[PDB]
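One chain is shown next in structure tokens, namely the form deposited without the ligand.
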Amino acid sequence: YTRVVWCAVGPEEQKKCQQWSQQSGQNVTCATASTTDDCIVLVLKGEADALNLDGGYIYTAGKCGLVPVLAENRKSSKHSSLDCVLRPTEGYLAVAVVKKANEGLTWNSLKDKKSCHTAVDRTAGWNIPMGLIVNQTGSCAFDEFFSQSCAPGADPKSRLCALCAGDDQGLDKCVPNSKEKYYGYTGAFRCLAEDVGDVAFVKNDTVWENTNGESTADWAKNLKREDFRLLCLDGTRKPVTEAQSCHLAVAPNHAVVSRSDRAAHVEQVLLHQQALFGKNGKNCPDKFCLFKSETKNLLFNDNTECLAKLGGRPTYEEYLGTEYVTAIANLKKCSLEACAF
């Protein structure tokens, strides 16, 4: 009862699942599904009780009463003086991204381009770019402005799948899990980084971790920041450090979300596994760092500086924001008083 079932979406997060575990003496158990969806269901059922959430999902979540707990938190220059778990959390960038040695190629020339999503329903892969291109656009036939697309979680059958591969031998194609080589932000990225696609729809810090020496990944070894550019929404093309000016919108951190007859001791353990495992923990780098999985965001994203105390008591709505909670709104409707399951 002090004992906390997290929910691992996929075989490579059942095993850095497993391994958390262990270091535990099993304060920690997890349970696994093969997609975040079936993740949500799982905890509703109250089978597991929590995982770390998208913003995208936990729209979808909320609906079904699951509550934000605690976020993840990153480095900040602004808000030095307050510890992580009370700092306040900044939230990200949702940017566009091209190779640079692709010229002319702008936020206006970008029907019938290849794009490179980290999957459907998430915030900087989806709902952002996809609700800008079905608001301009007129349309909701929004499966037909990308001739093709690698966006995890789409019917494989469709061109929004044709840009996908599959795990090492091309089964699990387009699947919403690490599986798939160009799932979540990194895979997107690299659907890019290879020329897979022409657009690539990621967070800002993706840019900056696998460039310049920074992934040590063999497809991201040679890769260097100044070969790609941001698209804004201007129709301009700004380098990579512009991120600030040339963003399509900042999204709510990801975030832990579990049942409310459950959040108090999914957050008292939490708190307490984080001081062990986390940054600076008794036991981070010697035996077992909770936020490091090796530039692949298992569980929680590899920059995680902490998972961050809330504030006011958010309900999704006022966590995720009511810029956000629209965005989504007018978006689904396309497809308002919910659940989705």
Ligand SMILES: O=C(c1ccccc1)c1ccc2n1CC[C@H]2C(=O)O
Contents of the next structure:
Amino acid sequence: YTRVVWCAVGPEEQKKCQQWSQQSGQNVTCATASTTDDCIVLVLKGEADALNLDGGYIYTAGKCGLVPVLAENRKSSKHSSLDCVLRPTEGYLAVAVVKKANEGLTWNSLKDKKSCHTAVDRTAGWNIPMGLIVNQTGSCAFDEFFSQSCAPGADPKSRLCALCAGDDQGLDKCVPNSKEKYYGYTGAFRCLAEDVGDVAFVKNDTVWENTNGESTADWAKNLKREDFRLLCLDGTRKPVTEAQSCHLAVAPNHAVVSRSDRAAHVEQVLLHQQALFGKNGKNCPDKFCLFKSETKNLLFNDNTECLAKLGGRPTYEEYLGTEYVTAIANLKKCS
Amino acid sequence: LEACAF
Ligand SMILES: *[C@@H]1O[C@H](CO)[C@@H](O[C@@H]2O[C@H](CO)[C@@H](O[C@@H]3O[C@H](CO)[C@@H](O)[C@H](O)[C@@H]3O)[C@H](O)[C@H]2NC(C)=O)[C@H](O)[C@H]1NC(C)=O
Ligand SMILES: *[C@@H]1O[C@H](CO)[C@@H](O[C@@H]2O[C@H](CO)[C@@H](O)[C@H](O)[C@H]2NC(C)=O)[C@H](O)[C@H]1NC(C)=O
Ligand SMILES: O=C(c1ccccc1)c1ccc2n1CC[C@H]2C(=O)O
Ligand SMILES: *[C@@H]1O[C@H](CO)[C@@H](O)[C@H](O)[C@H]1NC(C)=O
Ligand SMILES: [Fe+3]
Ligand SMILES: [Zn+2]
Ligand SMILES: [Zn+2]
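Show the other one: the form deposited with the ligand bound, since we just had the form deposited without the ligand.
Full complex below, order starting with the chain above.
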């Protein structure tokens, strides 16, 4: 009275959710769907209570009446004395990353190159760069801008899925869940690391967390930061240490959404679950860590220090911020 | 226009 039903997107998330459910003594249980939109529909039906969402997906969910409950908060610098749960979120930096060896690729020569995106409809992977590109080109044909891409959730026969690899059997090409090899922040970055794409739209933290031994995964373990450059909007290229002055946008942190009528109970249960399984949690690392998944960002980003309270009981528009909402709205006019 | 997508 009552259990919270989390929605897991794809089978790797479903497995993590099932471990969480077991450890929480079924205080949390799991529904699973193949895509984040299908999870949003399970919550709208009442077949699930909540899930953690990128800002682009919060827009879809919020147009349908779901509300933000708690936000991811990653390691800060300022606000230091404040407990993680009470500290205001800082946003993350959406960036365009290329290889340093691909000399002379800039923001202004992206046309006809190969791109890697976290998925359609996500902030850094899609809404920010494609919104900027539609605006700059004066054209809605963003599906004709890059010669080939991996943009999970697009039509699998279209050139926006031509670079996606599917799963270890080569099935599920372009599905927008972690079974697609190039899904998400770490998939899109891998798509660039392997030179499948010329440019990856991810965030600043991705490049750091998957280079210089920060990841031990096969594909990442040998990557060096100095082999990558960020593309700035003024046409310059900078080292990845310069993301504060060479980003596309500042994104609102991923956050938990629920139906409005279950938001308070979801919130209470999550605060208690993170005291057990969170960053310094009573049962992490012995038993289960809610914010780890071997770099695969399952359910939550691996870099989440806590889920934090939101100030001002914000609506989804308030949480995303007016400017981002308007940019999404403008880009969605193309389709 | 301004509605839910589902
Ligand atoms: C792509 O281009 C569209 C069209 O310019 C951009 O939409 C525009 O967004 C701006 C800034 O958010 C809006 O400006 C104004 O801001 C002031 C106050 O700070 C506010 O008082 C006004 O109501 C207004 O919002 C502008 O209205 C909005 N325009 C349209 C036609 O919707 C969009 O941001 C660009 N996309 C990206 C990703 O940069
Ligand atoms: C880009 O992201 C990286 C990774 O999150 C940030 O570097 C981390 O920042 C915190 C606090 O400043 C440090 O304590 C961590 O140890 C850093 N991690 C690594 C792996 O180096 C970096 O600050 C971000 N850049 C900007 C401009 O926000
Ligand atoms: O709107 C911004 C912004 C910051 C710096 C430069 C440009 C825009 C913002 C950052 C972080 C956040 N916003 C909006 C609310 C918040 C969040 O996580 O929801
Ligand atoms: C399950 O939830 C109840 C009520 O909040 C609580 O008494 C119990 O501590 C919870 N246990 C775990 C393991 O999450
Ligand atoms: Fe995101
Ligand atoms: Zn900025
Ligand atoms: Zn308000």
